[PDB]
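Single chain ahead, written as structure tokens, the form deposited in one PDB entry.
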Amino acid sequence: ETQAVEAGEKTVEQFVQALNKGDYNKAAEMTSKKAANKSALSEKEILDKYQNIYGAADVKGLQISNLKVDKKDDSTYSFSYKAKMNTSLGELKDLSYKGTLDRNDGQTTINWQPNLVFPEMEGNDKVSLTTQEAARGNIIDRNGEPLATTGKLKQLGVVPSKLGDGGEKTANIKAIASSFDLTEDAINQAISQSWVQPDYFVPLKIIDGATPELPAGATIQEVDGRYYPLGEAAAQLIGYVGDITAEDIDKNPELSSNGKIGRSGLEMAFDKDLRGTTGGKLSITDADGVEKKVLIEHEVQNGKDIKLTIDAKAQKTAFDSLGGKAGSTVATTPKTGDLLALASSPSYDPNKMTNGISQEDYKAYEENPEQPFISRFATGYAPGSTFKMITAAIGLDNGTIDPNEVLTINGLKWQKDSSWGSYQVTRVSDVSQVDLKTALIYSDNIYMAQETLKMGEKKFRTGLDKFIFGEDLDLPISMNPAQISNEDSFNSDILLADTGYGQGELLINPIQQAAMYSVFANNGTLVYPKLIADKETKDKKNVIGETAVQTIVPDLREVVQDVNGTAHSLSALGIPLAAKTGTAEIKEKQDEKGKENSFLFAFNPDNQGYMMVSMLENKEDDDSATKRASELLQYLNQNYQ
């Protein structure tokens, strides 16, 4: 009967999944009694064998194939199969397992033998694992400057024994507390943890400068560890690493139990390329200790470096220019798409995170209303009033907009008709006669709203659709694709109008904005941004017409040159600029009034060497993105031609 063979195969498959799912006791309970021709061990001993051995090699994911179950005698059935499993040294493949089953009335059991752990095992053999951790690779900028590297850090700590009794003990703590900027309550709390022992060195802080006077008990020790040279200026992008946990290993055995793992940003995105592969040997030995079989063996491979398009000098300038306010700044070389800077403010100290951080300091980052953990350059926002230049291009392309047509606009508020109720589009300057150029120079939202309505939704979307809404940019930074609105239709003249000047339901992150605005530096060609230096330049032709660009850019030079251009403060710099400012009124439930976002777009219209998009989120009164752009503009202009 194959009626028994059915159960035979079934038993082995159950045994196999029991091991696969790490439930060794369940597997043990499917074995025959301990005997000469049956199971070599008892259940408890089998359980202990797998737990000990499979645990030592971090075995995980036992999968089989080519199963066969024939019969040899009434009471015994032989079986065989190929198998593979993952370990802390990679996958073991094409392993040949075999043994026999014991049929008994309505019970089929496995005559367990040590060879069902690893095929070549017999009797009291042993397993040995040896390993070498791989060194983590580095993240460097476009010129080789380090962004994430491995430094030799100075570490301060105290030895309770060499501290004192009561007299100096209290005074020595004072000395080190002031000498190294440390709350003396943190020091006492540090030295009184359950693990601390009178003689041990109790680590306290990392000295990131020249080592000063050392009081009694205070001492410095070198330790290797990750180091982020730009600090918080590039924390959201770069991210940080943390101690590997038992839980991380459970998900991926190929990590180093004793190592570091990327917890955020690029460190995580490229954790694999950066961590390399563990070196080592997994072997079976005999009772004595002689090597009997090498299951896996390979030399360590250190992590490889990742070279970015980022310009460390630009990153820092972009970040510092935000003055610790909520905002972000993206800078590119629009003809190739290189991301020179990806700044987000406020930020967090990645060196503290990776070197052990106070549980209250961490919470301080989380509860901070300005949310430093957010990567603002990868977060979607209404693009703001700057978007008028896109709407304008579309209008010129489709013929809806005559640059010379002059709209007559009275006052600072406008609505199509009474169906809009109390809603009205708003502008800041009351200019009566407004043509396109005048609308761009003064940032006139009423003009663009009117032209958007004139154009109509069908044509406006036809133009928007030629951009990148909906697309997943090919970047190692988590983000959502830009959207025009929540649905395929606005179903609203108000929304259509608001979308026309960058408000409405538009969500476009800064990287996506720089991507879209690149058309003005490539005659209507859109150039996708890139972050990895070696990557090839990718673009998308005919997003807007060359005529539209040649019409609009001269107007954008006036936004700077003209005495009433919104970006005229930048004309003083004396460098060729084409720019466009913008705002975005946002509503919040917590705030009585509404918040305002300030934006700046700018590039060199002579050589198309650089481009930058900057924004201050929920700006303070009198603050502005333009007000903070000079240094970066001077720097990019100087080095990117």
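Rigid core here is just the name for the largest C-alpha set that superposes within 1.5 Å across the two forms. Numbering follows the first chain given and starts at 1. Compared with the form deposited in another entry:
Among the candidates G456, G470, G164, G411, displacement between these two forms reaches 2 angstroms at the C-alpha for one position only, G164 (superposition on the rigid core). The rigid-core alignment places the CA of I575 less than 2 Å apart between these two forms. Once both forms are fitted on their core, the CA shift for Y228 between these two forms remains under 2 Å. Fitting the two forms on the rigid core leaves the C-alpha of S598 displaced by under 2 angstroms between these two forms.
The structure above corresponds to the form deposited in one PDB entry; please give the structure of the form deposited in another entry next.
One chain, no partners, no other molecules: that is all that follows.
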């Protein structure tokens, strides 16, 4: 009729969680009085020992197993268990702890001994901790410009002794809370931490913006931190870093209990390569410091740099050009696949994200219907009517499209026959006589719809299978493979027609679009995009025939040169351009009225030096991808020959 084991097991479990959370006072309180067969130190000494050892090594995730609590005599119970914990030098597994407990007046306490810090420690043994911190690698652009690196950050903090006494301190803390949007409790918790000394500086917040008037006690210090020079302009590509938490540790035991881990983008994708290995040594020594046991010993390894094909100026110009609207712009050197820019708008501040963003500003990002967190350049979209040039090329190669055949088209709408019900393909300009060249110039959907249907699904898919639908691109960016449609067959004349001018169920991301459109700058050879600068160029030959390319390209120049071309506004720039505009019209079940995406494909047809693909999502009034492309084009044309 005994159930004092219940309380026994529980005490050890309460002691351990107390240490797990760093409440060393609480763990000290659960220990027996100091005496020969009880605790070896007063509770204050005990508190201090854990604070100096466990606090310095930043011990977290202390977890036990095999908890056995057997009784030996009336007022004494033995205990033992296995455990692991994580430190600032990594995990510590296979630890065997053992001890006894004192039962008295209902309560049960721990007969503390040094071996409940670390096993085999005895008497006045000590712990030595040395740390060699490893610098996180930098993500740099094609010319070495920094995209993720270390920077000097403005850190607000207070010096307790300079805060005053009694009411004055309370008045100063109030003022700091106002001027910097902080809580009094937050500030007070921070000043109470044990490492703090009267004249020491205690950090409170990273100041991104001008520095307000500083109240007594408050001060700013420039400190090192991860820094993103392009800020939001490359936020989705690069991602951001955050504090390591237990969950990360569970998965990776080599992770330092305190440190930084990438949360998205390349920071995450290359986190192992960028973090390196933290060095140092945790060991037990006797009272004199003579090494007794080595618990952990690592050699420091600085992370390595990751060099991209990105051009930091193109990236910034690409992002800025989207004017804060929903959209994406991708730019490459089509002959090699180098990714010069990967812009997605809107975006988020990666510096605020890494430096402690409020919960409200974080939700406002995630809840924004325009989704600034998504990587639009890695998200599948219907490619729009720019895709007409792909359908055209396929038709020239298989002989179903004669560039000289002139179609008679009346009005802005057309259906094959009344089996289409109320559906009709729509074009923007009412041009009566339309051949391939005229269809490209005017961006005529009806012409291409008619030609696709004439071609038939079998020939059309035979051309499309030569591209990259279904392929997983070799890039450190998460994405789904492009698709023609949801199933293997369209099983619909309408869907077939629609896919020919780029709507229907096509889903291709801007990077994938750029890969496919590279055939016009490589005489029909497809060049796979690359992001890592040292990577070997990869290509696929004969995706489209040389003759198709040679026929379409001079037509694309007219898209710009011809007074009626849809990209004629770009001819005022006076630079060599082959272009194809497009639109995608998608259905609605909430606004009712459909939304329209606007696109621009452009490249230098004289030197094939650069290529761009840009989308303005849900364009308004007279905005277009084309009206925003001039600055990026000017810059690429000057620099990529």
